[PDB]
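The complex is shown incomplete by one protein chain, all other protein chains being positioned as in the whole.
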Amino acid sequence: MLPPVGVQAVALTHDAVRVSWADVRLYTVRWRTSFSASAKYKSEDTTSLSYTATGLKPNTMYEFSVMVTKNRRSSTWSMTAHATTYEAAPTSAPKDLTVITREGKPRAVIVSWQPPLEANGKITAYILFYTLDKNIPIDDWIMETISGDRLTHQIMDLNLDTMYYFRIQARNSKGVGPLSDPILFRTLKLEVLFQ
Amino acid sequence: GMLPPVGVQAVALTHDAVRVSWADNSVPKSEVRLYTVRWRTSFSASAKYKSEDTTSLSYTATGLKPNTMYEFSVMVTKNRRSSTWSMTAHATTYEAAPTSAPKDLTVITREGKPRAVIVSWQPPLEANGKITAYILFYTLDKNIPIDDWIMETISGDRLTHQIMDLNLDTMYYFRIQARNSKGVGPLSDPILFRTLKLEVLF
Amino acid sequence: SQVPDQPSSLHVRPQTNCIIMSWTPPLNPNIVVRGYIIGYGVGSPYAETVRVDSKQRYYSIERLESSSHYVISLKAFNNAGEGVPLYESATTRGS
Partner (left out) sequence: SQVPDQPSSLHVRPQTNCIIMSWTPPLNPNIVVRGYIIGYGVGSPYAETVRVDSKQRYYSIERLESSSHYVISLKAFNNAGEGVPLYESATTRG
């Protein structure tokens, strides 16, 4: 039989994409992550001229193909349609948060991290929280906003021999992901620092 | 004649928010310095700014136009003495779902082959981003809801679409809406097009 | 002696490549009818034109394309001229 034509795939939500083609005959629609190792498909059957592929990973590009079947006779697969699903707030937190004293200038540290695994989109900005107090809530810490293109930041004029707390989170076009777990960094005292 | 702040950085957050952040090489350690932050649409007629005052080293510019480029400048003021504005930092806000509907939806019979029309429209005024696709609904029935019309998906770069195999002497209804990387705008107003009968056409 | 009227009724029964027409003379018997003029085409009844006897009620159109929208006209005529036509839309049955 003749495969369907005018196949187009349009992203709805961040996990839904609606394929739509033009021509009882049954249509089968297959899809697959275009950038992955698994060369295996997922598919579903319908009798409408459209179908919504759901349960997808956000900010990901998918390829869609439709065939038609009627009375034991199946057609070949149609031209593939490409669709990228919408973005979503990050799910993980930034990883490997590290604080190291800057040499040879004490009272200042260089904070280094790595982007989150589940960014679910392009990271617009990083938010870095740090404080001296053990009790005050997160919204009263010192806040520093670093661009998404930077993975390091310089903090200056800290206190000597004092325990600092560090929290970092990733932002995104549709919101901000969860904070990481606290990182404890103790600035050294001059006695230990010089030998 | 004070020193203007340096290392001024402007980072777009949402589609309506941008966070400016600067540094001052003059902050000691009794007196507190006030920072003034200005912003403005870089491509506009109005050479006028909006501004706000803070004592922090950062500020969030809100209530901005989406998919638009803004320019930001910071100065510092202390005891009657103002500095010059720092170098400008540019930031472009992210996209958002369209708010208006596509305009001037047009349906005209294709000559000289009846039963087929060419539907023409124009992009929405408030697109708030790059239009990925148009969704065109049309039906023969007066009563069925929008989700049971005939749906046609046109690419965002095209402003025309061809519908074929219509019925002769029948009233058709047309609806169109624009989608976008961040969502879908509202449907347009109904367009009434009456296909002609063979008697009148010849 | 005068221009004839339009035909009373016109029926079409499309085939896979043929189309069969069935009609009846004008409801007004006073006016003389010398014959009928049939026209057909795609989206236009001017493409093809045949003229048949006044006593014929059926005509079979041949060699038409499958799955197509044809337009058929029918007019009665006499020595005065041609009468107002009847129009009918017919769709060929696909294979």
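The letters A, B and C name the chains in turn, as written, and every chain counts its residues from 1.
The rule we apply is simple: a residue touches a chain if its C-beta (ideal position, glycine included) is under 8 Å from a C-beta of that chain, and two chains touch if they have at least 3 such contacts.
Contact with the undisplayed chain is limited, among B:29, B:48 or B:80, to B:29. Check A:40, A:72, A:73 or A:105 against the missing chain and you find that the one touching it is A:105. Touch with the hidden chain on the side of subunit A covers residues 104-107, 157, 160, 189-191, 194.
Listed for subunit B, the residues touching the missing chain in the whole complex are 26-29.
Here is the rule we go by: only the chains that are shown with their structure count from here on.
With centres set at the average Cα position, the gap from subunit A to subunit C is 68 Å.
Each chain gets one centre point, the mean of its Cα atoms, and the points for subunit B and subunit C are 56 Å apart.
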